[PDB]
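Whenever a hint applies, use it, and build me the whole structure from the sequences.
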Amino acid sequence: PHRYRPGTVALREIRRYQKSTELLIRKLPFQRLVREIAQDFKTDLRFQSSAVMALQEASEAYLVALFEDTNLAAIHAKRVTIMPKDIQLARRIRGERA
Amino acid sequence: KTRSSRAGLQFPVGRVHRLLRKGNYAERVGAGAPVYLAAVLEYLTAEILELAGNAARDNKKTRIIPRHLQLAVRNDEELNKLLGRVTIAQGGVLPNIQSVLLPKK
Amino acid sequence: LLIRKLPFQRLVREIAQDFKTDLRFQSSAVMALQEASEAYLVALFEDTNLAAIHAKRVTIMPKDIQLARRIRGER
Amino acid sequence: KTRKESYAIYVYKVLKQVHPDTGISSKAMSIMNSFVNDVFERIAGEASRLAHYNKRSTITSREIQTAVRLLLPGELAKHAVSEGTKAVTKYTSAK
Amino acid sequence: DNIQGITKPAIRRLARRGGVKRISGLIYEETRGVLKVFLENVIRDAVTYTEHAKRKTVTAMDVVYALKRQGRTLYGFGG
Amino acid sequence: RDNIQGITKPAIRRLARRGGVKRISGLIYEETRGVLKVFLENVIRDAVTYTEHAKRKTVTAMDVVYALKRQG
DNA sequence: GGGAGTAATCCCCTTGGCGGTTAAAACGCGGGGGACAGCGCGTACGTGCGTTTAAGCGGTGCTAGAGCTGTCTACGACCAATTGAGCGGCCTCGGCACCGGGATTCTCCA
DNA sequence: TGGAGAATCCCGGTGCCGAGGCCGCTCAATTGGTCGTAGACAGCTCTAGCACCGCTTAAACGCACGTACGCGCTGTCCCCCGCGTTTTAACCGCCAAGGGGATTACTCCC
Numbered sequence: 039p040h041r042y043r044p045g046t047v048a049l050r051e052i053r054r055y056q057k058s059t060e061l062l063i064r065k066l067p068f069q070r071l072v073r074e075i076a077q078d079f080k081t082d083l084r085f086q087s088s089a090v091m092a093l094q095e096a097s098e099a100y101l102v103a104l105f106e107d108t109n110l111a112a113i114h115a116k117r118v119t120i121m122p123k124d125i126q127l128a129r130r131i132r133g134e135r136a
Numbered sequence: 016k017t018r019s020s021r022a023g024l025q026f027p028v029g030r031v032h033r034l035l036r037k038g039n040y041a042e043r044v045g046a047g048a049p050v051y052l053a054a055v056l057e058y059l060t061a062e063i064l065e066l067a068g069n070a071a072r073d074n075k076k077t078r079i080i081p082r083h084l085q086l087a088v089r090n091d092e093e094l095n096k097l098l099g100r101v102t103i104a105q106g107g108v109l110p111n112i113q114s115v116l117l118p119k120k
Numbered sequence: 061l062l063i064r065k066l067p068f069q070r071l072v073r074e075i076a077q078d079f080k081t082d083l084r085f086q087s088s089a090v091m092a093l094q095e096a097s098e099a100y101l102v103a104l105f106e107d108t109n110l111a112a113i114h115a116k117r118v119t120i121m122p123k124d125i126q127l128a129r130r131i132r133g134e135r
Numbered sequence: 029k030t031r032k033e034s035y036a037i038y039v040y041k042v043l044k045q046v047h048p049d050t051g052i053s054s055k056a057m058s059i060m061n062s063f064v065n066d067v068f069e070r071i072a073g074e075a076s077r078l079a080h081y082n083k084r085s086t087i088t089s090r091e092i093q094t095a096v097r098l099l100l101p102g103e104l105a106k107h108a109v110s111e112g113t114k115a116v117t118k119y120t121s122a123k
Numbered sequence: 025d026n027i028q029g030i031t032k033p034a035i036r037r038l039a040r041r042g043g044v045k046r047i048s049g050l051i052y053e054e055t056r057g058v059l060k061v062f063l064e065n066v067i068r069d070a071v072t073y074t075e076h077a078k079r080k081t082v083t084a085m086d087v088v089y090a091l092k093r094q095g096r097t098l099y100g101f102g103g
Numbered sequence: 024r025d026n027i028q029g030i031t032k033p034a035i036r037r038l039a040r041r042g043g044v045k046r047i048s049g050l051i052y053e054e055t056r057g058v059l060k061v062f063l064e065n066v067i068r069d070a071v072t073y074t075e076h077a078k079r080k081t082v083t084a085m086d087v088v089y090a091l092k093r094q095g
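Chains as they are written, first to last, in the entry's author numbering: chain E, 39 to 136; chain C, 16 to 120; chain A, 61 to 135; chain D, 29 to 123; chain F, 25 to 103; chain B, 24 to 95.
Because the hints were derived from the structure by calculation, they are not lab data. If a hint is listed, it holds; no wrong ones were tucked in.
Quick list of in silico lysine-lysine cross-link-like pairs, DSS-like style, CA-CA up to 30 Å:
{"id": "1", "chain 1": "C", "residue 1": "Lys-37", "chain 2": "D", "residue 2": "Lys-41"}
{"id": "2", "chain 1": "B", "residue 1": "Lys-92", "chain 2": "B", "residue 2": "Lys-78"}
{"id": "3", "chain 1": "D", "residue 1": "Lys-123", "chain 2": "C", "residue 2": "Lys-16"}
Structure representation (structure tokens):
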């Protein structure tokens, strides 16, 4: 049988996902997640769907930004693999965590 | 009759003027200041829709989706300077791959 | 301050000549320029210290220096 | 039903002044309506604290031109102040 | 907990969207922890100025306000 | 003219120890000079703008306070 | 003398629950190429000391542009009336993605 | 290195729903006059930044020189990656209990 080499599949994936724009995370796990998180502060918090999808798109913006910073930091570190020490370094040098 | 016709302008002076008045920034206002601000507005939005139409002729589409606007704002260095601080709802990301990540064979 | 004064006023005047001819400068404003610029460049060198330590290196070079400028994002 | 002010018709006749045969969906009009709103309150912000830093309670256009030269860089700022200058001169030269 | 609904192939898809070529399996817990940090920060600000308006239904408008105090505002929602 | 070399390399190395960096290569210095020249060109452009609008021709203390607090 | 809390209400909005189903989560498993330990090296880089040079600070001129004021006069608020620019219900036909399947174009190793 | 195989693309046919006009309405821009006003222009004051210079000096520079470790190269190994398989909960949608944001009046307060 045929089995493709790794890396070409990742190249096709990165091209078809940087071409695409659709929300990939499912709306109901995130909706029950933000329901449980809103239950922590005050009870009976009611969400419009617009706020949920706006926070969702904001989360895509921040995660794609920090992934691209992670990629440039990792190729700056002469590696293709990612490690969590890159995550704490990228969060500290961004200044979001003191 | 309207001040838009006398100004040679096309955005409403009165609407942005009443937005200034209920914005309570200060007490007195000039006359040609909302005219100048409006003129800057159709200049900048005309450049944005010009680049959007450029993207429309680029991708054989005649109805504009904000893909056109994101491609318009993220290839210009000035628009990347001014709108790099701001994210876009349904924005997405440009195709950009590193040199080392290419299959160097 | 450790960076020295009068070439800093001279360079600020020389650059301001490219913007508008013949400006005159108060001393305290230029001192504010000096202390603020000292603060930001100190900050960028603990940034490059963390970059070099995370790169398993002890000597910095401008390639590492620039990736930090795309971490902040300026050009 | 309630009334909401909108800028669809205005940039609509702007774009038919510029692009004759191009359509635009609702999302692009909404994001540019929020864009023109956002640039309005921010530039009202710089106009406000240039008014109050110069101990002035009156908005004059000179502050707005100063505000846009203080924020917008490059030769695009020179084009913007030029077209706005001709706009205010054909405003002040009107009958 | 409902953070397990954020599945790891969704993380893979968003990482390929995010430009990561090679992915290890140790990033998910860090991503979920920082997701807690930002999302409880934003929702505490949003519900705070929701109850400042004396309402109990949370819309997208005060969400856009809570984003524009951060300085990275989001367009298309009346902001 | 040509006063970017006035920032001496031991002053930069004192900026390196108060920045905490142990070892410096020779190529660092002109890069840091370019970075400080870019940031100074950014701030003096706003200083000239505040000077021009205030109907004056000198830069004062509140002008540099505003110019430094605008970017954060 | 207008902002603000108080009282019904209602119809559109919120939330969810239950039946079907379906591409997707996640696991199993060989595997092979890049992360990473280890050695050679050599070179740039740290330090150290003679030499210079701009430098740190005082001393004075000074004038001309910043700082404060008189004023009054053009300039902005504002208020009665109007209407046409500019808001909304309704209708229609075309832009564009879906279904599909053959032409077109990467991929590897024999 | 070329063909089997599989992904891609693009055009024939199609259905759909919303973009854009069509008309009805309606209310803030518009006219114009008036009157408070505050800052534009002129004028007096003043003071310190800039320029120039001289006595004395901490620091920079540049070559000599020893060498420590980033990088090149070698060797290892293991850990998620591509493919296959199996459950799975996300989602259409229909209904439904009900809930509450904004819409009117009523009346009070600094």
